[PDB]
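With chain A fixed as given, assemble chain B onto it according to the hints.
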Amino acid sequence: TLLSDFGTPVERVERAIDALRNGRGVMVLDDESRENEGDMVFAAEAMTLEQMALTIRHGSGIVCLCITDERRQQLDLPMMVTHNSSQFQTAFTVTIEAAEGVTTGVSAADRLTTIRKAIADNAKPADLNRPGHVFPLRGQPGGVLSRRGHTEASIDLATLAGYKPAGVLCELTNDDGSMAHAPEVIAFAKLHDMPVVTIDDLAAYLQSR
Amino acid sequence: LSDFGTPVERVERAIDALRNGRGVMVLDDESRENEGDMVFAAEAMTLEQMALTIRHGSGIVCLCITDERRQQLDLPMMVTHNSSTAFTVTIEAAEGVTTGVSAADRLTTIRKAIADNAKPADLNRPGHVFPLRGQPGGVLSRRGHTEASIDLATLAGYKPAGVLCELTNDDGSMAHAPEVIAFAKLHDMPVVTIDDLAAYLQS
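Protein chains in written order, with the authors' numbering: chain A, 4 to 212; chain B, 6 to 89, 93 to 211.
Some hints here could point you the wrong way.
Facing chain B, according to a computed beta carbon distance under 10 Å, are these residues of chain A, among others [unchecked claim]:
hint	residue
1	5
2	82
3	86
4	95
5	102
6	104
7	166
Quick caveat, the hints were computed from the structure, so don't treat them as lab data. Beta carbons: idealized from backbone N, C-alpha and C, even for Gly.
Okay, chain A solo, but in the shape it has when bound:
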């Protein structure tokens, strides 16, 4: 297969976990859906300013903060809609902005600050203004074993990496406005030292944990 350079399925999850542990990002690739999608993925707790800038530069710029229901409930974040008519049930909450520490909310530093506040150990609802320029997604309980989404993969990988169970993701896009396909995702992975792992890889891997 196209991913051999990153290792076997096991080795791929293992190396993704290791990248995260060492403050790098990973490319999570969907192999299994009608539209394949490669996402830039970081552990929220670990993410750096330069990584947020990289993410905005090369992704959709709709940078999502993937969170547990527990976390979502702690922040009193209701779902953006009560009736979700999105094609793949994409789990957006109401959007958020740090109540302190930001200006407009849009800069890489700003988005980071709101992510940091959201995931902070004793984070309170009042810590967040709504709406804003950071887009929380509610992970399905059970992670990739319940829903093979990049949202769930980012949370499962953060946790596998021994971080707080919170991901940051953004879809890799090309400068012409097309979304990256598997070859372009691999090219990007190789050039930015962010290994590729498929949601299948991860799913398989946890089924046996």
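Frame of chain A, contents of chain B only:
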């Protein structure tokens, strides 16, 4: 900023840019946080423009719409009580898209939204295009980029709907006035300030 003209010549030139299927840089030079946004008339925006806008902006590409339009589409406000910016619930085209995130797809969503006989069922929620409700009265009521985009579309003879995105640098900092000017000059997208536009409308 005199490279672009006088205050009146700046609004006249922005309007013309839009008329001819180009973008404009709308600059806030009166708030504490100065901000330059890429601005297009919705009805006129092309694919290459949507790509440019994702590439160099925040990527949070907003569709600025009248209250009329928002109620035609049965778009409630995202929040019932705003602690923040007038975000509506977010939208995807119900037909004609896949994931919604490509430049082609965002455009297809925008086109469905502003189309003459658009109905709520035309849009799935949530999605990856972010409508913003303009305040009644435009810039004369609220000197925001959201209002400016709608007032410029209208001045330019389009449906009263803008697309906007905040210009960002590759290092994740937001563009300031020098950078907004450089980008404008490089992409043939004229700079106009919200003050410029407000004055021009007052008359």
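Status of the hints after comparison with the structure:
{"no.": "1", "hint": "5", "result": "violated, 20 Å"}
{"no.": "2", "hint": "82", "result": "holds, 9 Å"}
{"no.": "3", "hint": "86", "result": "holds, 8 Å"}
{"no.": "4", "hint": "95", "result": "holds, 5 Å"}
{"no.": "5", "hint": "102", "result": "holds, 7 Å"}
{"no.": "6", "hint": "104", "result": "violated, 14 Å"}
{"no.": "7", "hint": "166", "result": "violated, 22 Å"}
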